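*Asks:* With chain A fixed as given, assemble chains B, C and D with the ligands onto it according to the hints.
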Amino acid sequence: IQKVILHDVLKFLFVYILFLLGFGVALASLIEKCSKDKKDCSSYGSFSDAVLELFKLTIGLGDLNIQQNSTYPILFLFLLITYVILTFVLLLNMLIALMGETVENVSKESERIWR
Amino acid sequence: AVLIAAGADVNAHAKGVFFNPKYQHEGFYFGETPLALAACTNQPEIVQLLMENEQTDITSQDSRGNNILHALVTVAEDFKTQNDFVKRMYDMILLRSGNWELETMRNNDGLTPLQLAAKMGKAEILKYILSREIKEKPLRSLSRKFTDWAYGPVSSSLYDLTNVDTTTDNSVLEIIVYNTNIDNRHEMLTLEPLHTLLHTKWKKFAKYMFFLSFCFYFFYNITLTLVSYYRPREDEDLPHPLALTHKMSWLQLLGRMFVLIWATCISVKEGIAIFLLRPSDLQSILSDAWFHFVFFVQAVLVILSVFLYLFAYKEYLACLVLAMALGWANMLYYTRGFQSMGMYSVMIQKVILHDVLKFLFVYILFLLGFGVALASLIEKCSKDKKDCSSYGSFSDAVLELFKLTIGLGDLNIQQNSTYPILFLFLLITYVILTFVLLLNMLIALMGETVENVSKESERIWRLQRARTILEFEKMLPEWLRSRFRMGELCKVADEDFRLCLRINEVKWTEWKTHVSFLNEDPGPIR
Amino acid sequence: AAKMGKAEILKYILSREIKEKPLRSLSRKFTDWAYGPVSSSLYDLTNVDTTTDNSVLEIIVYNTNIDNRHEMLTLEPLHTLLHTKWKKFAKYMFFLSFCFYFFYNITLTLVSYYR
Amino acid sequence: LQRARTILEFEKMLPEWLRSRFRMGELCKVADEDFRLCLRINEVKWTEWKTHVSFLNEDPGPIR
Ligand SMILES: CCCCCCCC/C=C/CCCCCCCC(=O)O[C@@H](COC(=O)CCCCCCCCCCCCCCC)COP(=O)([O-])OCC[N+](C)(C)C
Ligand SMILES: CCCCCCCC/C=C/CCCCCCCC(=O)O[C@@H](COC(=O)CCCCCCCCCCCCCCC)COP(=O)([O-])OCC[N+](C)(C)C
Ligand SMILES: CCCCCCCC/C=C/CCCCCCCC(=O)O[C@@H](COC(=O)CCCCCCCCCCCCCCC)COP(=O)([O-])OCC[N+](C)(C)C
Ligand SMILES: CCCCCCCC/C=C/CCCCCCCC(=O)O[C@@H](COC(=O)CCCCCCCCCCCCCCC)COP(=O)([O-])OCC[N+](C)(C)C
Ligand SMILES: CCCCCCCC/C=C\CCCCCCCC(=O)O[C@@H](COC(=O)CCCCCCCCCCCCCCC)COP(=O)([O-])OCC[N+](C)(C)C
Ligand SMILES: CCCCCCCC/C=C\CCCCCCCC(=O)O[C@@H](COC(=O)CCCCCCCCCCCCCCC)COP(=O)([O-])OCC[N+](C)(C)C
Ligand SMILES: CCCCCCCC/C=C\CCCCCCCC(=O)O[C@@H](COC(=O)CCCCCCCCCCCCCCC)COP(=O)([O-])OCC[N+](C)(C)C
Ligand SMILES: CCCCCCCC/C=C\CCCCCCCC(=O)O[C@@H](COC(=O)CCCCCCCCCCCCCCC)COP(=O)([O-])OCC[N+](C)(C)C
Ligand SMILES: CCCCCCCC/C=C\CCCCCCCC(=O)O[C@@H](COC(=O)CCCCCCCCCCCCCCC)COP(=O)([O-])OCC[N+](C)(C)C
Ligand SMILES: CCCCCCCC/C=C\CCCCCCCC(=O)O[C@@H](COC(=O)CCCCCCCCCCCCCCC)COP(=O)([O-])OCC[N+](C)(C)C
Ligand SMILES: CCCCCCCC/C=C\CCCCCCCC(=O)O[C@@H](COC(=O)CCCCCCCCCCCCCCC)COP(=O)([O-])OCC[N+](C)(C)C
Ligand SMILES: CCCCCCCC/C=C\CCCCCCCC(=O)O[C@@H](COC(=O)CCCCCCCCCCCCCCC)COP(=O)([O-])OCC[N+](C)(C)C
Ligand code: NA
Ligand code: NA
Ligand code: NA
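Residue numbers (the deposited numbering), protein chains in the order written: chain A, 579 to 693; chain B, 232 to 757; chain C, 348 to 462; chain D, 694 to 757.
Pulled out of the complex, with its shape left as it was, chain A reads as follows:
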């Protein structure tokens, strides 16, 4: 647990927060003013709301709704599918492949480090 955190988990969290806060401002700058429906017209209305909705989409909770208050509805869906490919397909599946290389090397030495 000590070797996996220092080698693998900290490099993952550095690249993930670059993509979380990067697509979070792009999607928040693309939503209109909510005066026409006066409440609950969008869940991406702020920077703090768009970062929360992209974090729920990675751990698997909630529900996906593309009927936002966006001016450009095709551009919103292009940036929201690109976020899924970079994190759900690339970064989370590569963390498992890099932990299997760390475990293979520390298994030779973990008994002498314990004593």
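Some clues are possibly wrong.
A few chain A residues that face chain B, going by a derived Cβ cut-off under 10 Å, partial list only [unchecked claim]:
id	residue
1	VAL593
2	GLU610
3	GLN646
4	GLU679
The hints are simulated quantities; they were obtained by calculation from the structure and are not laboratory data. Even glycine gets a Cβ: it sits at the ideal position worked out from N, Cα and C.
*Replies:* Positioned in the frame of chain A, the structure of chains B, C and D with the ligands alone reads:
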């Protein structure tokens, strides 16, 4: 020996089409002379027989401009195929000549034998030439490695930097880094006068220019984000906050000017670096100039978002938002200053090209295949008049199968389907093919890619940092390159100064008494 | 030998080169020319090519019994002979087979979705 | 092996006058009255050095 004593011409040139072949299987190129034929076919007794003859001109050139030492570089191969006889023929011919006449001769392309080995990727000959040390006294001047002092285990050597450093054109360091053809650039930079020479450039000037490059690109994105997120938002009024149109007399308006003048500094500069490097190959695009296009595509979308405001098409906002999201993903270029994150960005490049693109080709075949089958199976929604099905169209069925794979939403089998058992058979078959087969096999194939690239990802990183070091060096002026110059003048022999580079070494295995040193007193003198 | 899967005897027969003069006619591999490293050889194709019935190439491909078919096709007069067929006619017949099966599905989909 | 089964099933389909045009090989005079329709493969070898006998042709270059 019968024919030479009978008067055979020892300077004939076999210049036919079979001896100057067009393709590699049609003929055999050896150097057109009978001295090169004996050397390229591993016949050392006939080489010694021909060099003793006084009529043998050892400095003759063929039609390509090559001489005897250019031709041995052309036919050289690895240790696996051609074990090592070419490296021993290069040494025997050079010592009998006794001059620098063959080493400093240029063929019709303008290359010496040292620059021809770096052009073709001959890493076993180039290891020999850069570290050539001759121990005998009258032939010591033909070396490129000199022992300055030695005392027991410790020694100190000097490596010649005549045509390997970037003080001239077509240097050895510039040919190895910028070579699109060969496929062992990252193994040729581990050689010893080249490995220390890039490490010296990174300490003196190159790490400080890589930090000013980071700071002014970070401030460029953080002032592009704030002016686009904090726009004046009205339905009746949409002022572009850039160029400072309203006379509000609000200072710190230079941040609005810093996006205009810095978008033109990038689009002009990255247009030149694409123009000077024509790859003519899609593999050379992805492997060397990926960050030249993607810094150029961003800086154009910032400029087009200002020309579309002057024409008022109201699609400028589509170009700013694409420039904001692309700009924060371009901060991953700057992870090559560090070894830990720089080797991690080499894994991301190899996993996308090998594993992720094959997954997306088979997944979209199954997504769009079951999407039309399930959409053609749902009735007309006039009986309930609204919300009777979520699979009513092709565009709705593709969306509901994408949500079912990433894990969101809710599964409902009470559709408006005519055949309710056939709908559930096609919806469970989609889960087995993607959730059980394709997503679990992507993890198993990434573990095979990671296992092979882990052997090579450090040498691939140092080739990516070496291209960053050299492009900083063509930028800074002539009077800065004299101050940050490597090496020191060393009196090698009588009237011979070569501007060498010093490397220290400790060795405990081969014990010997020391001769052929340049200096008797071992300690550092000043 | 091709029927039973004897890959060590079949490697010997297909590349049999005899150097002596009166018994050179019993070869199946002849040196056309040579100059230094480069040479050029000739491989006999009497009963290994598909101009006759029960050829060696047809027995190795269509054999259900043996379990080393994919190792016996690496042998040398058989490896170049399949590469020559793919360049001359077989890659062009594999592309017309793709185009008329793609158009068959794309006209079956449109008439069933737009009923 | 999966591509080789696709190549051969295309060859039984196309007619007899197409198989003469796409036929592999060339007639080679091996000995006195012996023609065998061989196939040519080139090779470069750097390890075993020897003098050359038992060749069919003295002049090494491609003749036409
Ligand atoms: C180097 C090779 C790769 C890169 C190529 C490009 C290089 C540089 C170019 C860069 C951008 C050039 C386009 C800028 C302006 C377009 C924005 C726009 O108007 O919205 C458009 C969306 O169109 C998009 O989504 C564009 C997003 C990028 C697509 C580029 C291909 C990506 C590869 C993935 C390929 C598959 C994905 C295809 C896209 C889905 C549509 O507009 P709207 O939303 O309908 O608004 C209607 C407004 N209304 C409602 C008021 C009536
Ligand atoms: C940070 C998070 C932000 C996240 C935002 C998103 C970003 C996303 C990702 C981002 C990737 C990570 C950030 C990129 C940073 C790279 C910069 C760099 O090159 O660092 C280098 C040092 O840098 C220095 O130069 C030291 C600072 C001294 C002052 C420099 C001012 C120069 C002016 C004064 C000039 C005049 C005076 C000079 C006299 C000659 C580190 O290099 P190194 O390899 O470690 O060095 C070897 C050390 N070793 C031996 C242990 C190996
Ligand atoms: C113009 C297209 C931009 C992307 C568009 C996406 C669709 C186009 C399809 C692109 C096909 C993807 C294949 C990429 C090939 C190599 C990957 C790579 O370089 O890895 C890098 C990681 O960088 C990444 O994260 C790669 C992910 C691509 C998109 C990044 C998010 C941008 C958002 C886009 C939204 C706005 C789109 C607006 C424009 C349409 C690091 O690896 P490297 O070791 O540094 O390798 C470079 C080697 N070199 C340094 C010597 C050169
Ligand atoms: C080679 C060996 C493997 C292949 C074997 C076959 C080879 C070739 C055959 C091909 C298809 C032959 C059947 C065609 C017509 C049947 C369609 C039909 O009427 O719907 C039926 C569903 O039945 C099905 O779901 C059939 C789907 C394929 C099942 C074949 C076994 C798959 C293995 C998986 C094994 C376990 C799964 C079993 C299936 C759940 C029921 O109809 P309904 O929906 O109730 O409609 C009522 C209408 N009403 C409401 C108006 C009153
Ligand atoms: C817990 C979550 C919050 C923690 C954050 C607190 C900051 C302090 C964090 C950690 C404390 C110090 C780091 C580890 C100390 C050295 C040990 C080591 O192996 O380092 C490794 C990892 O080092 C990295 O490169 C991590 C990547 C960037 C770190 C950015 C902060 C953490 C990301 C989360 C937040 C990002 C947002 C903020 C970013 C600006 C170096 O890799 P290596 O290859 O193993 O080198 C060892 C050599 N060896 C293999 C030969 C052995
Ligand atoms: C394990 C983790 C350890 C580390 C912890 C980190 C984990 C979590 C990190 C962060 C979580 C933050 C969530 C929101 C919190 C406060 C909101 C806020 O301040 O935004 C403010 C400014 O926002 C802007 O104006 C735009 C953002 C500017 C920076 C651009 C981000 C790109 C950085 C990418 C690269 C950086 C990273 C590089 C790689 C490291 C505005 O707030 P608001 O929403 O508009 O409020 C409006 C409501 N009101 C009107 C009622 C007043
Ligand atoms: C789990 C594994 C993940 C793998 C992901 C697999 C990938 C693909 C996965 C999923 C793609 C399909 C799912 C959603 C699309 C359809 C949604 C829909 O309802 O239609 C919408 C239309 O929208 C469009 O017409 C544009 C569709 C393309 C969006 C971008 C393509 C991929 C981006 C590439 C990313 C760059 C790559 C860079 C990354 C490195 C809505 O239209 P409508 O409903 O008809 O009604 C509206 C009214 N109207 C008709 C008047 C208009
Ligand atoms: C004049 C005095 C300095 C003050 C103002 C500085 C103004 C400029 C500062 C920073 C520019 C920020 C770069 C971000 C945008 C990239 C595009 C661009 O236009 O930048 C260019 C200029 O970038 C540099 O060359 C940085 C080094 C500073 C050079 C100026 C000092 C010269 C004297 C030396 C003495 C220094 C210290 C010596 C140690 C004692 C290149 O950037 P890049 O990253 O290489 O290109 C992208 C990578 N890519 C090619 C793969 C695509
Ligand atoms: C855990 C207890 C609680 C947290 C502690 C309290 C906070 C701790 C604060 C600071 C510690 C943060 C980590 C720095 C040291 C990591 C060690 C390392 O190897 O780094 C390497 C790269 O790692 C990087 O530096 C990547 C750049 C990411 C941004 C971090 C910049 C650090 C400046 C600090 C600013 C703060 C940013 C973060 C603060 C939010 C160094 O590069 P390298 O030497 O060339 O490669 C090493 C490989 N080798 C070992 C084989 C040679
Ligand atoms: C980002 C998402 C959108 C991108 C799409 C843009 C198109 C351009 C895409 C990528 C640019 C060019 C491809 C890579 C260039 C060569 C590098 C390479 O290694 O190729 C590899 C992958 O090549 C494939 O075979 C991919 C599978 C089919 C690709 C279909 C488009 C992408 C699927 C998504 C969209 C599908 C929908 C459209 C399809 C009609 C070949 O495999 P290899 O075994 O590694 O060979 C290397 C040899 N080696 C191992 C000895 C080293
Ligand atoms: C990383 C990814 C990069 C690449 C991007 C791709 C990712 C995303 C790709 C695609 C997402 C597209 C989502 C829908 C968007 C437009 C809708 C549309 O045009 O359908 C139209 C035609 O539709 C038909 O008539 C049936 C389909 C014909 C083709 C058959 C599909 C099988 C292809 C399988 C093999 C192909 C792949 C092979 C392997 C590659 C009808 O539209 P509608 O729904 O009926 O509207 C009705 C509403 N209205 C009545 C109000 C008007
Ligand atoms: C007559 C002139 C041509 C114009 C009309 C063409 C009409 C037909 C074109 C394409 C048919 C499309 C196939 C899809 C459906 C498969 C079933 C089927 O019936 O197809 C069959 C015919 O398929 C072929 O043989 C393709 C090659 C064309 C043969 C006709 C030219 C003969 C002359 C040669 C000169 C060519 C050029 C030489 C270069 C100079 C076989 O298809 P399959 O894929 O092998 O079978 C499935 C695989 N499986 C066996 C494992 C199951
Ligand atoms: Na879930
Ligand atoms: Na859920
Ligand atoms: Na695994």
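*Asks:* Could you run down the list of hints and mark each one as holding or not?
*Replies:* Structure-based check of all given hints:
1. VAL593: holds, 7 Å
2. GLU610: holds, 8 Å
3. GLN646: violated, 14 Å
4. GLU679: Given a least distance of 6 Å, the restraint on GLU679 of chain A holds.
Checked against the numbered hints listed earlier, the structure breaks hint 3 alone; every other hint is satisfied.
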